[PDB]
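Chain residues, written in single-letter form:
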Amino acid sequence: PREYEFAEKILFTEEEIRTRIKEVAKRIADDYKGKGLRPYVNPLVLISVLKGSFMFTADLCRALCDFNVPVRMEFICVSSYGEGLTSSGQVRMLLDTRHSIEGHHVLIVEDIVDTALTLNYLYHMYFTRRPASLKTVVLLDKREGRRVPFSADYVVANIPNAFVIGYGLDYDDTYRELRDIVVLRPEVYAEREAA
Amino acid sequence: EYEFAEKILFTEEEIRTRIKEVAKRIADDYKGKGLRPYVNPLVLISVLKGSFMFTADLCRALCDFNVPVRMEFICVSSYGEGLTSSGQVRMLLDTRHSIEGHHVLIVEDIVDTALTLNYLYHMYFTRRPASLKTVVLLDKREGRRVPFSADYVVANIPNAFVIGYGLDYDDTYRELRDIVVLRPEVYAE
Amino acid sequence: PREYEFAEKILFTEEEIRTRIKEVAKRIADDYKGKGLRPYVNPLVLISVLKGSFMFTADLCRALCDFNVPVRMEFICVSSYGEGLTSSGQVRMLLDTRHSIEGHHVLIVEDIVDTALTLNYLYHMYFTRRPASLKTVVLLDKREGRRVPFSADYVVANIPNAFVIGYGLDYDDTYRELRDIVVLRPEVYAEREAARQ
Amino acid sequence: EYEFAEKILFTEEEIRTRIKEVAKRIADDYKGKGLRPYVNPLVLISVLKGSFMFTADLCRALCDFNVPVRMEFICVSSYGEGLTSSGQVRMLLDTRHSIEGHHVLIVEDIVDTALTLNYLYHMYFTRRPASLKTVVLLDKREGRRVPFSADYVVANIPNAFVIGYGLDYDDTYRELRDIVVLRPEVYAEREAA
Numbered sequence: 022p023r024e025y026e027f028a029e030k031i032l033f034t035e036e037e038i039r040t041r042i043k044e045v046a047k048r049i050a051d052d053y054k055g056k057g058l059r060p061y062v063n064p065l066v067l068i069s070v071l072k073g074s075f076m077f078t079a080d081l082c083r084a085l086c087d088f089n090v091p092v093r094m095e096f097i098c099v100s101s102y103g104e105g106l107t108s109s110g111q112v113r114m115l116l117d118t119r120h121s122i123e124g125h126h127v128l129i130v131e132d133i134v135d136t137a138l139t140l141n142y143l144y145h146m147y148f149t150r151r152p153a154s155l156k157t158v159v160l161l162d163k164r165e166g167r168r169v170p171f172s173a174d175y176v177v178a179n180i181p182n183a184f185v186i187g188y189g190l191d192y193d194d195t196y197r198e199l200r201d202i203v204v205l206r207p208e209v210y211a212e213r214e215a216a
Numbered sequence: 024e025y026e027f028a029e030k031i032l033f034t035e036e037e038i039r040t041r042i043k044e045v046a047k048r049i050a051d052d053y054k055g056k057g058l059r060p061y062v063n064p065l066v067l068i069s070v071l072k073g074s075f076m077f078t079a080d081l082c083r084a085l086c087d088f089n090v091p092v093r094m095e096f097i098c099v100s101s102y103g104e105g106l107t108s109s110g111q112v113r114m115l116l117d118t119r120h121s122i123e124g125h126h127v128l129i130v131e132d133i134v135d136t137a138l139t140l141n142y143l144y145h146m147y148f149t150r151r152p153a154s155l156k157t158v159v160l161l162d163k164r165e166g167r168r169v170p171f172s173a174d175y176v177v178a179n180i181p182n183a184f185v186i187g188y189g190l191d192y193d194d195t196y197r198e199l200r201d202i203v204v205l206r207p208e209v210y211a212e
Numbered sequence: 022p023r024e025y026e027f028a029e030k031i032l033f034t035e036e037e038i039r040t041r042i043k044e045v046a047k048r049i050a051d052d053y054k055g056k057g058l059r060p061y062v063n064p065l066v067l068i069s070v071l072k073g074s075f076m077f078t079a080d081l082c083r084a085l086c087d088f089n090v091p092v093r094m095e096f097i098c099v100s101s102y103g104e105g106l107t108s109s110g111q112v113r114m115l116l117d118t119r120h121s122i123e124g125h126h127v128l129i130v131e132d133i134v135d136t137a138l139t140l141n142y143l144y145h146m147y148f149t150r151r152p153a154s155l156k157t158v159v160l161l162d163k164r165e166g167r168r169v170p171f172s173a174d175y176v177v178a179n180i181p182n183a184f185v186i187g188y189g190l191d192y193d194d195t196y197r198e199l200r201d202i203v204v205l206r207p208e209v210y211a212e213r214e215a216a217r218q
Numbered sequence: 024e025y026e027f028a029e030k031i032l033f034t035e036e037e038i039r040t041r042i043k044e045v046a047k048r049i050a051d052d053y054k055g056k057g058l059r060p061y062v063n064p065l066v067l068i069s070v071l072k073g074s075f076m077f078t079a080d081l082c083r084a085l086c087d088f089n090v091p092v093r094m095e096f097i098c099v100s101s102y103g104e105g106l107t108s109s110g111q112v113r114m115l116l117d118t119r120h121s122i123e124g125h126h127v128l129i130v131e132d133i134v135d136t137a138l139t140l141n142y143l144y145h146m147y148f149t150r151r152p153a154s155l156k157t158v159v160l161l162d163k164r165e166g167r168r169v170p171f172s173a174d175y176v177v178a179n180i181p182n183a184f185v186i187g188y189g190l191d192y193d194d195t196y197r198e199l200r201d202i203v204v205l206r207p208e209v210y211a212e213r214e215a216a
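Residue numbers (the UniProt record's numbering), protein chains in the order written: chain A, 22 to 216; chain B, 24 to 212; chain C, 22 to 218; chain D, 24 to 216.
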C-alpha cells in the first residue's frame, strides 16, 4: 500500500530490501570475523560511490553495526566523460577518499553494476593502493549487462534490464528518495525525453 | 547497549519520530510553492560526511509526504587554523546542478558555532535560489559565534561528545543507529 | 614572424604581451610596496583560474619576481553548469585553494573577463573569506560584454568582441599553446561547429 | 643573484634551450603518428603545482614545432604518511576530457622515487590511451624506489634542495626564472618557524 502512478510495478519493497541487506551484512560479518577488525585502527572501510549508493550505504552500515562490524565511511563521486565510447570504463574523479586505504580492509559500495566497466575501473584503481583486502558489494546486479567480466562479492538483489528507480537510484536525478525499488513506466520515460 | 557510551540521548525510534515531524513541517511549508519533479524539486544539499544517514532517512520521510526532492552532496574541509572567524572551508565537492531559481534546503549534521554553515548559506544564497532554508540534525545553540537560526531542528542538545547516526569521533561510530554520548575516558585514550 | 592559416589576424604578439605584463607587474609592485609583503608569512597570493590563465600566470609571476614581489601560487578550477548562461554567474567548484587566504593579500588571476558574471561570483566568494585585500588582474578585458558592473584592477589589454584564441585561450580546448593572441577565422569556427554533429 | 641560494644550477636561458631541444625530440617522435588539432592532439597532463611554469613554456615550444596539443591539469595530494610504498595520492582534480584513444604525455616537475609518477602512469594507462609517455623537468635518478625511466628529461640533478622555475620550498620560490639550490641555513631557519 505504497503505490506510484509513474511505476509499472514494484520490484522490491523497503522491507524486502532491508531483509536482504541484513542477510548480506551477516555474511560480511562472517567473512571478516577472522580478520580482527577493530575501531580506529582496523575498520572495514566502506568506499561508497555517490550519488546512487547514499541510501544503500546508510542502511547497510547500520546493519553492519548490528553484527558488530566496525566501519569507516568514505564517499567518492565520479562523473561520465559524456561519450558513450568508453571500453576503459573511465570516469572523472570529483571526490576521492579522505584517508589512506593502504593496509586496510576495503569494501567498495555501489548501487548498480550492469556493464561493470566503471566498477572494474574503480576496483583496479583502489587495488593498486595496496589495501589489506578489497571486495565489492552492490545493491543491484544486472549480470545480463556485463561488458567486462566482473563478479561482485556481495549482492543484495538481481534484476533484469528495466528502468530501475528508487532507493537511491534515479532517472534524470529524480526518484532517488523512494523507499522502494520500482520500474519506471516507459511512457513517463518517453514524455521526459521529449522535454 | 554500548560500552563506550555514557548514555543514550536518542534512540533510533525517537529520531525517526522527530524526523517524521520535521518532514511534515517541511511538506506544510512548501505546499504553496508548487514543487514538481524534474522541473521544481526541493533540492537537498547534504553536507558530508556527518549528514549522510540523516539525509537518507529524511528524504524518505519527505517522500511519504509527497515532497519531490533532488539530492546533492557537497564536501568541504577545514583549513589548518586553530579556529577561523570567516567560517571558511575548502571546497572539495560541489553540487552537480545549478541551484539558480530552485528551492533549496541545506542539510547539516550539527550546528554549534554556525560559522561554517553561515559561510555555505551565504555562498549558496549568492547563487540565487528561489528560496533557501536549513535543516539540522542537532542544534547546539549554546555554541554560536555568529547569529544563525536553523529552520528545522531534529533535536537540541547541550555541549557533549555526541556520536552515532552519522556523527563521528575520529571518523568512528558513524554507523550506530542511536545518538549517544561518548565516555570522556574513551576520548582521553 | 609567426603566421597562422586559421587566424584572421594577430592581435598581440608574444613580445607585445610580455611588455604589458611587465608594465602591469611594475604597477602591482608599486601598489603593494607599502603593504610589507614577505615570502612565507605574507606573500601576494595569486589565485589563478584554470585552464585559461595558466600561461598568463606563468609569465606574470616571473615578472612579479623581477620586481621583488614575493608570491604564493594557488590554482582553482571551475566548470559551467550547462545553462546557456546564468545571472548569478555561478559555476561549479572542482578545485579550490590549498591554503587559507584569510588575512593574506590576494590577487585573483583570470584570462578573460566579458560578462564578469563568473569573476564577480569568484570575487565575492573569496572576499567573504576575509583576506587582507583582494584585487583582480585580467589578461584580456572585453568591457563591451559586461552583464554585471565589474572593474578589474589590472588589465593587460582590451579587446573587442571576436573569437579570441592563443596564449592560454581556447576554442574547444584547442589553440591554447599559441605564443600570440589571435582572432579565429569564422570559417574555421563554422567548420568545427558543424563537425561535432 | 639570490641571497637564499647557494648557486644557480640552470639559468632561464639554459632552461629554454633544453626545453626547445626536448620539444624537437617530441615533434620528431610523434611525426609518424598523425596528430591533428581537435581530433588527435597530444594531450599534456600537467601535474600541479610544480609543473605549471614548465608546462607553459613547453607547450609554446611544442607549438614552434607544429605539434598540436591539448592541455589538461591534474592535482593530487599526499596522504598523511612520511611516505608510502604504493605511491598513492589523493585525486583532487582530474582531466576534463577522456584520454581514451589519444596520445598522452604526462608532464611532471621532478621525479625522485617515482612512486607517485608510477601510480599516475598506471592509472592513466588503464584508461587506454593510444600511447603514453612522460616528460620531466628534473630527474633525480639517484632516488628511485621503483623502476621508472622518463622518456624526456630537461635536466638531471644530484640530491639537493632545488627551487625556482615552479619548484618550491614550503610553497615559496616558485616564481623564480632560474633553477637554483637553496641554502641549508635558510632551510633550517624556516623549519624552526
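In short, the hints are calculated from the structure, not lab data. Beta carbons: idealized from backbone N, C-alpha and C, even for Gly. Keep in mind that the hints are not guaranteed to be accurate.
[Stated by the list, open to error] Distance ranges between label pairs, derived from CB positions:
(1) C:106 / B:54: 44 to 52 Å
(2) A:36 / C:103: 36 to 44 Å
(3) A:181 / D:168: 28 to 36 Å
(4) A:154 / C:36: 37 to 45 Å
(5) D:168 / B:62: 52 to 60 Å
(6) B:48 / A:30: 28 to 36 Å
(7) C:48 / B:54: 35 to 43 Å
(8) A:213 / B:172: 20 to 28 Å
[Claimed, not checked] Examples of chain C residues lying across from chain B (beta carbon under 8 Å, computed):
(9) 104
(10) 109
(11) 117
(12) 123
(13) 146
Hint numbers contradicted by this structure: Hint check: 1, 3, 4, 7 and 8 fail, others pass.
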